[PDB]
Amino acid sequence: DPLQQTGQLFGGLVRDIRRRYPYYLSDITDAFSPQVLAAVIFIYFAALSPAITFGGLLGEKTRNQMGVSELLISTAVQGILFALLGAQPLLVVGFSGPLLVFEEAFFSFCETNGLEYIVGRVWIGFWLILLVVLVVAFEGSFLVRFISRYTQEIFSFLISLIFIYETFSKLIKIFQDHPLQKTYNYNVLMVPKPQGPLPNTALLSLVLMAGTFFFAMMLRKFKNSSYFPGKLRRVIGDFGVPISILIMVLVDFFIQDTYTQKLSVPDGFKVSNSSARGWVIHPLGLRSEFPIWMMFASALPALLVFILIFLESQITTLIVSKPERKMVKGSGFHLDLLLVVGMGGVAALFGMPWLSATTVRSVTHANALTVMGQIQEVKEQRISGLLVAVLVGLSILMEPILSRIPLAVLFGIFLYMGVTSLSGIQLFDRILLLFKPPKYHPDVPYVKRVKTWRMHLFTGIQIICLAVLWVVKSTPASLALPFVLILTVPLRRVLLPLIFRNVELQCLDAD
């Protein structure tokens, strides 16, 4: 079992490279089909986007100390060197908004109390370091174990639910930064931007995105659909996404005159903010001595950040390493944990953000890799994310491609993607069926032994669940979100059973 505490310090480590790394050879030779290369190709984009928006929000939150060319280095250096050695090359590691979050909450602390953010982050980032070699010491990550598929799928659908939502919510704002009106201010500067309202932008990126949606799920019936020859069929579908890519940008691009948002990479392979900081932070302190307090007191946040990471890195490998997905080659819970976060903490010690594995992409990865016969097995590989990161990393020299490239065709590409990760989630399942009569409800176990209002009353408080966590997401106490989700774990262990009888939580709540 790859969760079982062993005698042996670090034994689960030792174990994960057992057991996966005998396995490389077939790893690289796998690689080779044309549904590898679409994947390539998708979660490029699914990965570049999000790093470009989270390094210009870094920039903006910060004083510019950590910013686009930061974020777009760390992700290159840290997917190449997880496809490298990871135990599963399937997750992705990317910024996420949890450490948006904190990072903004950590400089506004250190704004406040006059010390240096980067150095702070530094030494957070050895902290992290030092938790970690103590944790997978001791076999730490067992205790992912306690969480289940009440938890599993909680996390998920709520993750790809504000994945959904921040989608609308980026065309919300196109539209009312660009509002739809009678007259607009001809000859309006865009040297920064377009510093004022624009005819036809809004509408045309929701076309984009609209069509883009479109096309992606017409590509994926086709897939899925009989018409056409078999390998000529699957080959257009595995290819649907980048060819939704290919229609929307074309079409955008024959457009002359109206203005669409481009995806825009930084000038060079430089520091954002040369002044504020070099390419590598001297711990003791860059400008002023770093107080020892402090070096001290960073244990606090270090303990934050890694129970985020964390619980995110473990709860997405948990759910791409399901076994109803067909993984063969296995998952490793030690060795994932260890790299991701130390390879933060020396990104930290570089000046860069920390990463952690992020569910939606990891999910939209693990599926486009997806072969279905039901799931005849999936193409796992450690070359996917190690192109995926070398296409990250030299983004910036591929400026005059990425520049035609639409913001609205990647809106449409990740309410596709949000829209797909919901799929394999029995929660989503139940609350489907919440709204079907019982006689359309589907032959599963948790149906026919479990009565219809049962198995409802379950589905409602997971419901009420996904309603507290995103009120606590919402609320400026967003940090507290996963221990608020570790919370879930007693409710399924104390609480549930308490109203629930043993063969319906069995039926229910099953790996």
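Residue numbers count along the first chain shown, from 1. What changes on going to the form deposited in another entry:
- Hinge residue among 253, 397, 300, 63 for the rigid-body motion between these two forms: 397.
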Contents of the next structure:
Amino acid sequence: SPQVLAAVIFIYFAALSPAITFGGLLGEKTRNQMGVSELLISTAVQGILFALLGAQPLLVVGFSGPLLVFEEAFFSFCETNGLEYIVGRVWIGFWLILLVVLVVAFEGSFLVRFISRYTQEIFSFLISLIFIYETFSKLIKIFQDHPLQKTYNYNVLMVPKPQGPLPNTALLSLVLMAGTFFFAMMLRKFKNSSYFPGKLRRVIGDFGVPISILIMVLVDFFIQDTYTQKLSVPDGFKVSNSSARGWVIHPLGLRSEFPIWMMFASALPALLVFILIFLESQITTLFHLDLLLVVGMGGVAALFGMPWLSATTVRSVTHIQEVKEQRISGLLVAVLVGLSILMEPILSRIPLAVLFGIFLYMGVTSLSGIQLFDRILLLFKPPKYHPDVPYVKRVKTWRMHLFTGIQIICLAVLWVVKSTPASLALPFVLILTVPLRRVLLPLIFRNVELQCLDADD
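Now that we've seen the form deposited in one PDB entry, could you pull up the form deposited in another entry?
No partner chains or extra molecules come along with it, only the chain itself.
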């Protein structure tokens, strides 16, 4: 039916664009041990399995910001400790399977009340700040690799990568990032604007990210001489690093023996991954069986070097017979995402600057709905300009600013922990905001102030 096709196309694009961006980011961060190919095939397989055996087909599984942050932290930890990153991921997946087969007996569903708007907004703000910082750091790295000079060695080897500075690479990359961000934001505004027929305007606005990506890809395509770093996608179903690892990762070590102490100590990183996935599932949903399936599949996906995914409820806004239609649409979207690895010529001409502009746009748009962001903005507005909201009206302005400052201190502590070599503890530390709201904030604030500032809805 034509109804299924349009929704399938929309969801496929809205899942592929983040998938492509996160695959590029993962390939850059993890030295191409896990790239766009692995992320795409993992997303496809896990989406098919979740559609077939998921309680709620509305959920679509895919890589997210917190998972990328944890992958970067684990890669850095393995590099510092001289361990195999992929085998460590395999053992984390083993311990994740153990965790999911352990939680079912105890039914740890009472923790949902512990996670509140406090933790949810802190997590979302941290993720958006991480996105913005990653985009700006990539821009700085591009400008450092190819600085603005008057003389360049115009005969430089480029088979692995540019071995020296190049004239127009940095400025064109900055232009592409800025243009992608500007076009995506303008298309979003047009979707929220009052121009053009409503149906056509909404259709154009829904596809804002793919349209901006296509525009900037064409812009870079017609600039023939200038070199810009492109997305690294292998031709066919390949691991994107043949020298590094194969498809089926052998446990106990790939190039060197895996220590037993790491095998036993992989439980803690598995606990941190479970915490991250649980937090993402809670923020997307607002339930217990679907989380076990995703983490259980993530443990199996680690054996093949594939990443683990999360809940990421975005499909409900666009959407027994309805359940069957949703199941079929999700399965078709997953199949299309998997087959998107076949169009390697198309993906190999997508610059990384466009994807990082999309990353910045995603962070900026994620900042929009956060109440913590609203209060941070109110920190700069005069009190007369504060909106008519319960926390402004029923709480003193300095008390609300103190609440915002405490949340800012929490964000700063999380950022310091992430920058600290002990970045693997970033999930746990974030969950430490749960006792703070429960056992420490009531000491400073009152019940009414806490209810107004931190509310379920």
